[PDB]
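> If you want the building blocks of each chain, they are given just below.
Protein chains: 2
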Amino acid sequence: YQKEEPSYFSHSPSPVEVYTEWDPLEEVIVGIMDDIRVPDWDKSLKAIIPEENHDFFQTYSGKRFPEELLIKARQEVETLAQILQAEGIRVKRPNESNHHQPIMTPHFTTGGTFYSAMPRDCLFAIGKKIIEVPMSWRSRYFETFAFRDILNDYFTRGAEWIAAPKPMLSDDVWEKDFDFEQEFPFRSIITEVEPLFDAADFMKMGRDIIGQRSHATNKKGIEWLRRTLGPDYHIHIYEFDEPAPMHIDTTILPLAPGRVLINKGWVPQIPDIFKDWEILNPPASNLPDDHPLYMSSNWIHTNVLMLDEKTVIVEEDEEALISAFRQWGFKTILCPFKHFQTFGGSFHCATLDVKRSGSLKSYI
Amino acid sequence: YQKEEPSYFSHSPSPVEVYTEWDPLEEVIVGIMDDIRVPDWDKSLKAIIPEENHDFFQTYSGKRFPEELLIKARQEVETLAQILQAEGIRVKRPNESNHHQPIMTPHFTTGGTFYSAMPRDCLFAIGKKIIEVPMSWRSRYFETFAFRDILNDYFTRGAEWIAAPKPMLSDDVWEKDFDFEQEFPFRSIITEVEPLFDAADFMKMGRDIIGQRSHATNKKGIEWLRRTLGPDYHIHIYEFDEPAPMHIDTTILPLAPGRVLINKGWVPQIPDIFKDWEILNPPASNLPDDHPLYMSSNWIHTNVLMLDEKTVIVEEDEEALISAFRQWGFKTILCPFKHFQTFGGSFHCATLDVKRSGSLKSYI
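Chains as they are written, first to last, in full-length UniProt numbering: chain G, 3 to 366; chain V, 3 to 366.
Calculated from the structure, these hints are not laboratory results. What you were told as hints is all true, and nothing was included just to trick you.
When chains are identical, the list treats them as one kind, so a pair holds in a single copy or across two.
Quick list of in silico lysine-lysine cross-link-like pairs, DSS-like style, CA-CA up to 27 Å:
1) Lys130 with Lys221
2) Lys48 with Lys65
3) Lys131 with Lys221
4) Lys312 with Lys277
5) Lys5 with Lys277
6) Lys5 with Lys363
7) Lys94 with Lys221
8) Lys312 with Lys363
9) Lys221 with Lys277
10) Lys221 with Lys5
11) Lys221 with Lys48
12) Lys333 with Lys363
13) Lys266 with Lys5
Construct the entire structure; sequences and hints are all you get.
In structure tokens form, the structure reads like this:
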């Protein structure tokens, strides 16, 4: 009689383990800026991108961004990674890849991929799970491939590495009766044909998670996250006043137990899970009006990263915000990032916290 | 304060619920035989396709199978579907798709997909989970798309519908220095660069699952399925003497509690979980030597399907085995299927049991 084969992996604790946005950070993924590609102009971009930039994205669809802005964005994210290394944190970076090659799938084609700069959009990590999300942007279909050396490694060492079903993203994804000139109120550009969501529509609070619907995240996608995470976690969905919402990390940022940064202008009614929390309202950005912001509001400066309950990284020229964080009792670590922010994210979007020290608790 | 949005789904019970190969079958997916495509000749096919047929697969690489054979095969899977409906079983079928359109991904291209006839290969279902597995074949990259109306339906009614990370399938997926005439000892054509497996390398026995490594199922893939299923289930891996193995369902087939069909020639040492089981050795096949078999051995007739512990569907011309099943105490439902068997599978490969009545138990 034949005996079964022993296990192929050794017994090892998961290098992925994180429950909140604020526990002491131990390991983080940090995006890169390599030879990126302007995505092909379509309805996903048309619904989300600031009206003032439409002429640019239509002109450069499927081609490159200005080299001078990219060189500055590159130096800024390398500076950020060097600062995280200096704070004792393990840092992983995705690989370079060829963003400029034709892509053909059963229901769409693109001129390539997009970028590897925003790991927070394409990966969701809580507990020991790291999830490749089903993204609605066709140019982000293969975005996780650049992170695959990191993911396979986490997997071999005990991480639960799983994925939503890769979407079809046929033209059936888009609303046929959409008015692009009706900036308000929010009507989603994507339908309920399949589960879709970007990880950056959710924020982690232990046994509780806050999220929103957006042009990137539908009800099926939220329900898929609910089911996959299981009954250990509760996802609470709220609705805010931002026109054309995409990610949530410029609206609600938990910074410590009982302390949440909230975009006051877009949140006139605060989620009830914060009734006993201290509410901090961030001042407006000091960026010139001249400064290009291809893929975000003028509130991208609130997209901060917590190294622990009392330490935050914030863009170096945001003096009003920096000053506020200090009065609130936070240590500030300053980093230049305005040119990275042109490309639609700041420190939070550019990172994924995969390990923070602490256990799974309730804070509401 | 603002209250969170209610759930979007209902408390409906999962329509996927299955634990064994033999519990009374209530719902099943049955494949279709549409205008299918010959896969592009590559090293997976060279390792896996029988040597007699290499001339054909090289010469018709990326083009079609003979219509005469295809028409008969399409007839036979429709006869099967109707036979299952007449038994009172709910039958689901995938949509038609375009198998002949070029596919381009960052690390490979193909001239299309393959076929939608073998749902047992591309989907794995146990408990309430239905899983899109990471297949090693580039031509099978989008195989689950034809099934997505079924999968979306099951999901909205409560099934746990998840996926392995879609593989990169770069040329690093194959051993660069592989020699093909030394079929023994077994050496995998696919490497350990990413998790890969076909669902047909695993059989369900409640809390216990039996699987094997194959040219389509690697060590990382087995670990991935172990972790994803969790500690409710145990996967036992064994090794058999089939040359160039791809699936397990012509080698080991549990038919009822304590009764297992074992292909005696390939299994000189029986897996120890069968020490207390009755072991049924099937007789040899009845097909004439001249009958075309593209992608299988002449043991394809053991790939049977159980509708309950005492009812088995078997190919109608397999006189010896039909008689064996009756001697063993099984009701036999006969169906013509030889023409379908030419394309690599019989009843078990052609189907996926998504619901059988019963609870999770142990049979070992």
